[PDB]
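Visitor: What follows is the residue order along each chain.
Number of protein chains: 2
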Amino acid sequence: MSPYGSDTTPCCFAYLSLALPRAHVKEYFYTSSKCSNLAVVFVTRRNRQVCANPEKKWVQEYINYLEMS
Amino acid sequence: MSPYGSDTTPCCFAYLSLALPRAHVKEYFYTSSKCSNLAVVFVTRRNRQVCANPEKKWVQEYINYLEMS
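Heads up: the sequence lines are chains G and X, in that order. Start counting the first sequence at 1; every next residue gets the next number (the working numbering). Start counting the second sequence at 1; every next residue gets the next number (the working numbering).
Some hints could be false.
Label-pair ranges, simulated between beta-carbon atoms [unchecked claim]:
hint: 1; chain 1: X; residue 1: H24; chain 2: G; residue 2: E55; range: 41 to 49 Å
hint: 2; chain 1: X; residue 1: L18; chain 2: G; residue 2: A23; range: 45 to 53 Å
hint: 3; chain 1: G; residue 1: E27; chain 2: X; residue 2: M1; range: 41 to 49 Å
In short, the hints are calculated from the structure, not lab data. All C-beta atoms in this analysis are idealised placements derived from N, C-alpha and C, irrespective of residue type, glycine included.
The whole structure should be built from the sequences, with the hints applied where relevant.
Guide: Okay, here's the thing in structure tokens:
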């Protein structure tokens, strides 16, 4: 437990019109609530995370695909 | 290297006047360049990081102390 919650917080704002194939992605995640902008963090099969804003339809498609698969 | 980057940025904007003693900290560090605010991340002896803006004297002293020790 950390009594002091004023620590390093993962935040991000990015997007990509050409998203990596769904076969390379493992799952999706959302940026910290501390972030002024809510973004989606895709975790690849290589466990490498990337940030993309949910307003991109590809992100929606990938989220919709990863939520069902 | 990553041809496709833009991922979670460890950022922070906080401070604490009642900071933990130098015996509780191991070292200091700076926030990522993607951060809109430069902050200092202190790494405790428990591998727990914490942030504090360098504008605080405690941070300056701890930086000056941790840079030498």
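Visitor: A separate judgement is required for each hint: does it hold in the structure or not?
Guide: How the hints compare with the structure:
1. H24/X <-> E55/G: 41 to 49 Å: 42 Å, holds
2. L18/X <-> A23/G: 45 to 53 Å: 50 Å, holds
3. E27/G <-> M1/X: 41 to 49 Å: Check failed, 24 Å falls outside 41 to 49 Å.
In this structure, only the earlier hint numbered 3 is contradicted, and the remaining ones agree with it.
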